[PDB]
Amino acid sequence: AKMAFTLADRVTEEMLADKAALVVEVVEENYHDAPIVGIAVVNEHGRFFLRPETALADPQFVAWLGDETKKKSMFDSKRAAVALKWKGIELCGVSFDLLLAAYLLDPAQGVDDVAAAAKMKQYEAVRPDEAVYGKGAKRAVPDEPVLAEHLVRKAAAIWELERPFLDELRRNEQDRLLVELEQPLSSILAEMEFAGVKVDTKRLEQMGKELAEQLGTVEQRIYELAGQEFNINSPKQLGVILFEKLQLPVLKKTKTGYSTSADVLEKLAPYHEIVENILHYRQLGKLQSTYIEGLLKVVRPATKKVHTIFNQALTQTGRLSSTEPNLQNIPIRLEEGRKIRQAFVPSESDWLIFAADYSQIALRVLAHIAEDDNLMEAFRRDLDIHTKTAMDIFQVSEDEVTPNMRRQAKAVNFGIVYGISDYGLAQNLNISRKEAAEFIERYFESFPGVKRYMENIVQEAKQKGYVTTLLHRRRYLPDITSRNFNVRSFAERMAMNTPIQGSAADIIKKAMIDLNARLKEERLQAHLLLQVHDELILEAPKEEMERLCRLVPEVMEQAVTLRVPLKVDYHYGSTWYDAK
């Protein structure tokens, strides 16, 4: 553990070589407008630490950072790029990102620092970030000599690990997935995060004030029905009211006590009117806590924008996640919640929000991968796929499919994608479990290609130890041969689902790259704001809507070619709510 480096007082020419490992260290977990605490550069000429005050005000270093022909290898380049944007500096030329490389090789390792990636290649000459900075309230930037050594060791690690990681990605046929998909996407995500989304705070606050009144009213109605005050947001207390005081039946337990999940409570609605009120209260309360108060807490006051962070190296299937705030779970299903979307507005006057979503992409991907003739033909003629499944299960003509039938069929269609059991299906639909079991049997009789896919993908996972997606993403399933039924069954359902969910993730990621390319080449002001798994949200001048109406669905539908068409719906309006 001995590594020479230079603690530089000024930028020199030899630090500005055309290939380098670069560390631009941002310790705060939310890197938006966060301090850069230090810089390290490792290249052919040596190893260098620079203070940000020095490096970031030096016009040659700033020029080097922005020169796309000066190639940098980094870990979590999006963090660095966004933090630099907040400092008014452009980062270009990032040719290798070790975080994204590690994520593709095995998402289950949970790699979130250089040391963790380094462990995948038995490289030990660098410490974990948590050991250097500490945890929680103890977290602190260490004295310069200690900080400098750490950043330089991180850079040296990236320098030495690039080739071993690329070589393994190449053997896995994942190098193009890194270089042509994830790395270009990282730049697009950086742009989206830094742009942010504008919030109508006057409207949100008015909503909040009216919501608080309604919440108080339901709260009092609940105490009156219970005949007593209690904390409705406490599982223990509520459980005592429902199952001991009011003596309602106990339908389900958790390891800590009585379940009061919405699924459970809905089944108790007929017994006592306190239960519907409790469900309503908890709905309103989550709107208040999360989508009014929580959201206002993260609005940047001077610009009224929120700036999410899209975690690109977290989910086990290749999806993104969205944090602080999560803009991928804004309410839409109930009108009361959906109104929250009225607060999300374009960032300029006379601009509009444009929202485009894939129609049933998971089931279309299933049709493709399973090569199920019945499912394929249905999508080829754009027959509503819930109606189709109802026809086959109930053995009725399309005209005989009743609203309840299509509802049962829709539950089956998605259930299948998750490996649902007859129990889960019966619980979800509130039908006899015998009936549910018959639905699943009939489904697999009607879609034999899907049945074979479910059988075969489990066999593949057991033989290989992992499953793949269309663009060669992997998920390892080391528990798939467990002798324990619960453990094994969960892994089997992951095997069934991951190629579907993950291939859908691959597709929309490629679509984002293709769409950005078309937007930039056409010099449109339109730009991406958000991705929500199977949908993309943009804003643009109202004059550009006619163009987007053609461009956005076409690019999304053509991103990949499957054995069935892809179909995209789209809407636009003056707020996100109105983009429907």
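Numbering follows the first chain given and starts at 1. Definition used throughout: the rigid core is the maximal C-alpha set that superposes within 1.5 Å between two forms. Residues that one form lacks are left out of the comparison. First, how it differs from the form deposited in another entry.
- Remark: the rigid segments turn against one another between the two forms, and the hinge among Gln247, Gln360, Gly419, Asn233 is at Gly419.
- Note on conformational change between the two forms: two rigid parts, with the smaller rotated by 40° relative to the larger (from C-alpha fits).
- Taking the core as reference, several blocks of three or more adjacent residues between the two forms have all their Cα positions offset by 2 Å or more: 386 to 412, 416 to 418.
The form deposited in another entry is what I need now, so please give it after the form deposited in one PDB entry.
Here you get just the chain by itself.
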């Protein structure tokens, strides 16, 4: 706890060295259009704090920020890059991101600030953010001297921690994963978040007004069927109605009371007309609260754009998550909800939305990894395995498969390969539990390689204490040797699933990097808007569609070469809804 630094009133030449740890501090969780409260720079010449009004209106500091040959080490550089974009400033030359480094070394640590990263190497000369800024309503930027010291201590930590973190990544064979995949991706996500997605608020509001009326009609029907008014959105009050007043069978309990999950209620549909109406009500209510109202709340009124934040250092598998708003869970399965997608439109006139999705990429990845002959065969003969399962499940022909049936058969394929039980399967399909068990048996017998892979991957996790993905991402599984059956089982199924979902995540990230480079090298105006796990969404002038119809799927397909091919479907249209 002893560290000298300069509290600078102006920018000097020595603050602009070609190598520096840089902190650009943004305290609000949502960094879009959020205040930069201070800057700190640490380099061979010393340690510096600058006020943002000083630094960010200085033409030399702005120049240095934007000079890719001036290298910066940071923590959460995407947060800084995006905040700086909202201030009209370009940040380049980020060569090390401690957040992403810590994330690759162990995603379970939940590293979310520099102090937490520091603890991984027993570096303790830096405070946690929460201790400096406080919590909830008490959250505040502290007095300049305290803030200055905090930002400089963070910068010093990044400075000292870079080499030890790189060394450990290197020992793990994850240095290139960080430097050639996650760090370049961070810059691409920053562009996408800043660009935002344009929303047709006129249409969304009209939808919302019509939905409110429809919701009211269903709400009354429900009260009529119940013989009484009650809060449908309280599973507690609903439970009394269904299971006490109406005396319907109790199929499941939670720790707080009776279950009213969709799975359960669907099973009660033959007992009383009220259950179907409740399900419908809860769907419509979620549309209203989340995809109409919640979405309008986050629309930037002046531009009509929404700006998601893609969390790149959160999930345990290597996936992204999307927040405020989550643009990776916009409805599609039911037509009622799918219409929400009509409100997502191109950011200018005569542009179009272009959507491309990998076909069954998880399962191709698994065919490659397991080297299963049959499954590989199905993808080398390139069939549609989900539809095939559907033909089997509903004892119907190819042309006889309805989009809902395939979706049910897709969940069954995913279920079985990832360790669903006979109980779980029998429930989902309403067959005898013996039938369910026989079906799983027939399944693994039809794909013995997948069978062997899943047995082997579990024993490997027991022995090493972690599993890996195709590009060397890691997940530690300390619970896999637990004496407790449930605990051990959950860990075992993580060993079965994480390597595949995580590998699929590795591949699409690589494709995003490849695609962006091809787009920029052709000076196309087309740019990425969103990633939805196995899908990439772009917008571009209508004139560019032809080029995109070739380039996007080709780049995606070539991102990696597996034993089986990768296949991508694509569509475009005037709205996200129409890109189908």
